[PDB]
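Okay, so here's just one chain, in structure tokens, the form deposited without ligand THA.
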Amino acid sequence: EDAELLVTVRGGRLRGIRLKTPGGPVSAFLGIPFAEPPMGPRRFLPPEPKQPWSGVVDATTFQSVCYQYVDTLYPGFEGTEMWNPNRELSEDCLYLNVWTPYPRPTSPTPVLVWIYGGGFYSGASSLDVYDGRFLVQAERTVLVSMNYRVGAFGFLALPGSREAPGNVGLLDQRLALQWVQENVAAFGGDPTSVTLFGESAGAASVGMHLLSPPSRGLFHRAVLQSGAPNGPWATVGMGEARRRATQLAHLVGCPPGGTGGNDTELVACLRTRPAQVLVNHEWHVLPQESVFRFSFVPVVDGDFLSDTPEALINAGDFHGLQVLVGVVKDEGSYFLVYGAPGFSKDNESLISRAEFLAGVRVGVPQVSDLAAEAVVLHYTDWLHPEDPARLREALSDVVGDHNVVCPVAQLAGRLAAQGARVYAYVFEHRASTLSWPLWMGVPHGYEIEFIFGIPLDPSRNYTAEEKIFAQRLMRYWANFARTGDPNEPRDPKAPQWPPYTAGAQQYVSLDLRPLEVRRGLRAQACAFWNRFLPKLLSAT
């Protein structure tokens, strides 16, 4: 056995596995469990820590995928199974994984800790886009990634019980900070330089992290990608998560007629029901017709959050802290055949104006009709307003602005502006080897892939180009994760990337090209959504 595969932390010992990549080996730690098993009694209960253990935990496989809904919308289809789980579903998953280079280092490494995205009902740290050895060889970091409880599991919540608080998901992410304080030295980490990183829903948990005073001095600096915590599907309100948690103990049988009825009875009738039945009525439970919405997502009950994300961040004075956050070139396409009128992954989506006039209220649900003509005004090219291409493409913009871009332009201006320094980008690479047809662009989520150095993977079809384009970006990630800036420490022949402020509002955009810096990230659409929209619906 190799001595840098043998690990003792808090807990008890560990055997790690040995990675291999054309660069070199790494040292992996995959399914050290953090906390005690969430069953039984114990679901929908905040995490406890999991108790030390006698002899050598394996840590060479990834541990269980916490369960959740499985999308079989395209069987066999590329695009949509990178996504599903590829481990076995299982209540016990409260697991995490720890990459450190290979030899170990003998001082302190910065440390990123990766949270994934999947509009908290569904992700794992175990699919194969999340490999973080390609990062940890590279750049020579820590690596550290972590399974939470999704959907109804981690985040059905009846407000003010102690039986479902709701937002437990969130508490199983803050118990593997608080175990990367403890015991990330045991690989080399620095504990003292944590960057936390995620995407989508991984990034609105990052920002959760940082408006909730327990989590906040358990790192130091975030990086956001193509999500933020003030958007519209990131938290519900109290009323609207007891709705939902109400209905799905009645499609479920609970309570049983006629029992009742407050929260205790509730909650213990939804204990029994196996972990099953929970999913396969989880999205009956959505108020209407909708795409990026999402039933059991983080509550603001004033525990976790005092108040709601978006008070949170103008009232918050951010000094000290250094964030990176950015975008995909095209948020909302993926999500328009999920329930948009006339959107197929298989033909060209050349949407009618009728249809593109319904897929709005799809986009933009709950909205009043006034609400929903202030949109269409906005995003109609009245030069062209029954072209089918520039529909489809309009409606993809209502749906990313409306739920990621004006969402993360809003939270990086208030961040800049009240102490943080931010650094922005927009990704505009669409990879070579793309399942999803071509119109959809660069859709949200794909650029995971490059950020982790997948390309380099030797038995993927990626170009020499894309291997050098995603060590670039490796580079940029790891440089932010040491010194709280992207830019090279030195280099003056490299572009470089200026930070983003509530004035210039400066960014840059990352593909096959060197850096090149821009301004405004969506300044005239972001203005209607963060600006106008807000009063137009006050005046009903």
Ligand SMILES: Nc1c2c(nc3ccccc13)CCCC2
Second form
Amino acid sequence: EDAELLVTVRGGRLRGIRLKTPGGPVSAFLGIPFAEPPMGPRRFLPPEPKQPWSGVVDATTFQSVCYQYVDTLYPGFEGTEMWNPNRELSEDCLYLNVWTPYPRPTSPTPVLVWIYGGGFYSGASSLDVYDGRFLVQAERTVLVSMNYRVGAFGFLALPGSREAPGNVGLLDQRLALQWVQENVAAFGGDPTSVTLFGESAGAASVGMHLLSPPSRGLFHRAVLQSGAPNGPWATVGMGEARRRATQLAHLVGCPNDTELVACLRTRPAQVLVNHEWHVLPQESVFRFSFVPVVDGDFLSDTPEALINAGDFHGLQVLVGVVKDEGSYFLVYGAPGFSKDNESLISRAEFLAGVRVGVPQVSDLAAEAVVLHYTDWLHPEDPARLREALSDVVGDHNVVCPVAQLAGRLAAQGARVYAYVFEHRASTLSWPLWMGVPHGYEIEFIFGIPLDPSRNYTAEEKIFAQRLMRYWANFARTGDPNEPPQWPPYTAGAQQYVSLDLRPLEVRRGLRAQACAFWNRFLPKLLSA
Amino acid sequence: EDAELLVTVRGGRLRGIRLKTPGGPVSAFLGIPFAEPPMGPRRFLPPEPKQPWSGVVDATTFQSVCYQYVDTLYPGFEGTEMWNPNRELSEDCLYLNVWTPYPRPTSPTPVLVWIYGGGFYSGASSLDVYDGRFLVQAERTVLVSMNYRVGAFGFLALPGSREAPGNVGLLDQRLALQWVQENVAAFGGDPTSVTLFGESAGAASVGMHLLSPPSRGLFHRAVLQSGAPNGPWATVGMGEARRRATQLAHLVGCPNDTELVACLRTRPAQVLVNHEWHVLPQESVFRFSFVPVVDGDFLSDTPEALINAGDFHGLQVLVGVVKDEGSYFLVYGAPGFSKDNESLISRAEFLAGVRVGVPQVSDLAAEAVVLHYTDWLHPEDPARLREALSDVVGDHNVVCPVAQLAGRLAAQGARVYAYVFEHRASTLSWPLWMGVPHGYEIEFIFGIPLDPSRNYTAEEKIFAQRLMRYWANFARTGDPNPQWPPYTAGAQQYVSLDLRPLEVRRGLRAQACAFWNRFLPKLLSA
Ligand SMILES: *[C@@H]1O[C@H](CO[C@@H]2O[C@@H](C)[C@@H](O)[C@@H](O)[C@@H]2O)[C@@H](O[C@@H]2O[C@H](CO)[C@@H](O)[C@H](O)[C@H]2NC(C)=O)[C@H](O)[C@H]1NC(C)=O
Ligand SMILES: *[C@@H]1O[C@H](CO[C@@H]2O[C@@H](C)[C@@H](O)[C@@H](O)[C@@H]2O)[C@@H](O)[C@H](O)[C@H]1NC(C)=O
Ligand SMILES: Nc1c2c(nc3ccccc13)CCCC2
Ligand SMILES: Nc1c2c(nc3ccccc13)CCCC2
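Same protein, different state: after the form deposited without ligand THA, show the form deposited with ligand THA bound.
Shown next: the complete complex, the earlier chain at its head.
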């Protein structure tokens, strides 16, 4: 037996596996339990640490995915299946993974912690596209990813109740981050240089760990990719959380908060998932039923409030977006859209879709959106209309939330780096009109193009290697630049770089004209 | 006696004068009385027609300027003095002018009727820059201009009262237009082809005649230059009109409407003028105390409602703006501005000026303006800020009202032509940063460059002749015609007027004017 694949952590002994890379061998420890299974009476409760075990836990394959809705819109389509669970669903799912160089490192090695996205209703650390092996081998880091509860199992909140307090999925993450502090050295990781990185809801979660003091001592640097804690989708108010938890109970035959959660706990997990989307107040895209709740505990104020009031000196942050953040979401409810035609919508469809992409606002607010995103020299051009609705959804949900976070953090002491990821993968199966859709920079950051079994080009492999260098430099030093150069983002100059097969190009403003509308004006209108 | 300079109109006999022009003689009848002098007990009342006279009235010079404020911000500066009165002030001012070719045409000739602007508080047909002689001698048309009462004397309104009903300045205009129908033939004019054209408030008045049926049988075609009846400055509501009338009264020592107007009539005209600007509710630019009031009589609804609801089939309209409508207005009250330095304002000054240029709106509305006119990659560039405040003032007060007027008329049956005038006159004395300011296309329409005594270039003279042809072509055919296409709500085509040939372009500040015409009203109701 290979001693490099035996590790003792505080709970007990683990047996790992050796994995091949086009470069060298990597050690992987998959399916390490870090919490007690949140089953039965423990559904909806904060995670409790994993009791220690005798014998040797076999950490040789991915454990199960937390219960979640499965995309069925395009059965068999690679563009959606790559995000669907690739292991059995279980509520017994709070496991984490460690990838480390082979043999295990000598000296403390810098640690990357990955938090997956998926709108807080979906995701898993087992997905192919989050494979740690390439970053570990190429950039000599230790990489940890964790599963955390999603949907109602992670974020159903009856605020004030002991029985369903909310944010427990967030607490899953924190527990994993605590686990990393106490055990990562056993694998050669340096617990004093831990960098959090995530995408979609994972980037929102990274941000929430920045703004929650108990989490803030658990890591040192942050990367937020196409997501932010201040997005209109990433948090919910106490009342709406209570209304949504309550409508779910009604939809599954339930039933006193205690009597209500008690009844929810007797229902099969899959039953809750089947009614997940029906709790939403409105037909929408880019809105999700059970997300983090602002109740004064995990988040003492709204993420936007906490950003504006924070002393962020001594923090380095890497943030960015892809070119076409909003595109794919349109085929999940915007009238006239499809992945299978050109989606050249009519003006009436555009106006309809504006209410789907910016839900729950006054008619005045909708008109203000229609005003900003219309070219009044071409009010009915279908191609321009498709592009504008994509820009509405992308600006409203990702780009302008991210721009606000970056600018406020920068103006309040943080060193910020910003990127726009502008390369469309040669392997992409979504239509060409979707551009670079939300999420399709992750495969390059994780180095997936280096897999020979996959058919990327020679330039994409080099591109992936550049990206891994940028991210790893940021982890080690707080600066993505190699020790043409990538400048910090400031509230004034608003400089960012474009990542593609061409060399770095520095540009100004993350959609500054649009994001003035969403960040500066539209809040004021909504208060009157 | 010269038989060409005697005309008989329904009131009596008139004696004219023969005028020299660079291109030949022109007959001019200047100072024809068309109403009884609105003096004494007739201050504030509708004009009453001139009663006929025996003998021969000498219509040989411009009559008096109606009582108005005189600009003193830059004493002696031609840029302001050229608009100030060039005759004595009097309430005895209701005279009009007729220019006609020499000898008088023997076939009926199409008529252009000019209404001057000046914010409804100032102006005169006497001004050099409205000299009719050049248009007449070049395009063989008959040109008429009239004086109309301005300020309180033309537009002070206590709505509902017979003693100060308001809009009497407009009725002065209407009376002159009635005069044109009964008498223009006596000079060779054709009362069946009359084209109204005006600028600033004169353009807004042209529009109000389109939207009031009694005026609408008195002309056939319309030209609106840098002004429109739907502009935020061109009308006022009944209540606000009454509030300003009443404050003006209080400020000059006057306590019953008939007793209030009675007391106002005992005040010297100059006393009224001195207190004109004090009734304005707010510090502002591009706002004027006494303007047309929407009271259901002359205007049965607001100019927007009447436009949006009107069937305009069979109407031809020529409309347009200058390049920099808003620029000069800023040195009259916007913080940091001067005609004498570059006025490279600070952002703090910019934000202040937005409240002066967009007066009487909610803080929310003010913010909506700041959003659309800030470049958020250069939020504090002084030059960009200067250019942006100019655009705020010009777009809100002129460009977008005219564009709204143009598009709605086109979409409901009218043939519309639109222009942007982009030539800065060689003679201009306003600073270079103001561009082509509001009003500095008029001299080219009237052909003033043909005056040899004035130092225009040979290219400006050719340019002036080209413009006069366009306007006169529009007057005779309804079509100014490289070809100048109709303005429509979809394609929104307009032409650029400068020393280069016609260039067709799209949209009268379409992105900005969607804000002012489509969105901002909705925001102001909630
Ligand atoms: C441009 O000038 C304005 C106006 O100042 C007037 O005109 C100048 C040419 C000069 O004659 C000044 O003395 C005049 O007062 C300047 O704005 C003024 O700033 C002063 C501060 O000293 C202030 O008291 C005034 O209220 C301001 N005037 C207005 C109308 O707001 C402006 O600073 C000058 N711009 C420059 C120098 O770049
Ligand atoms: C594009 O597709 C939209 C969705 O229609 C669905 O998908 C297409 C491919 C067809 O199979 C259709 O029958 C399905 O219901 C349409 O609503 C939209 O009109 C289409 N746009 C076009 C054809 O230009
Ligand atoms: N780009 C993404 C898509 C889906 N889920 C995702 C989850 C996380 C990050 C990107 C994603 C499901 C629908 C297909 C697109
Ligand atoms: N441009 C104009 C100015 C004034 N009056 C005007 C009147 C009509 C048209 C343009 C004008 C008086 C102030 C100086 C500028």
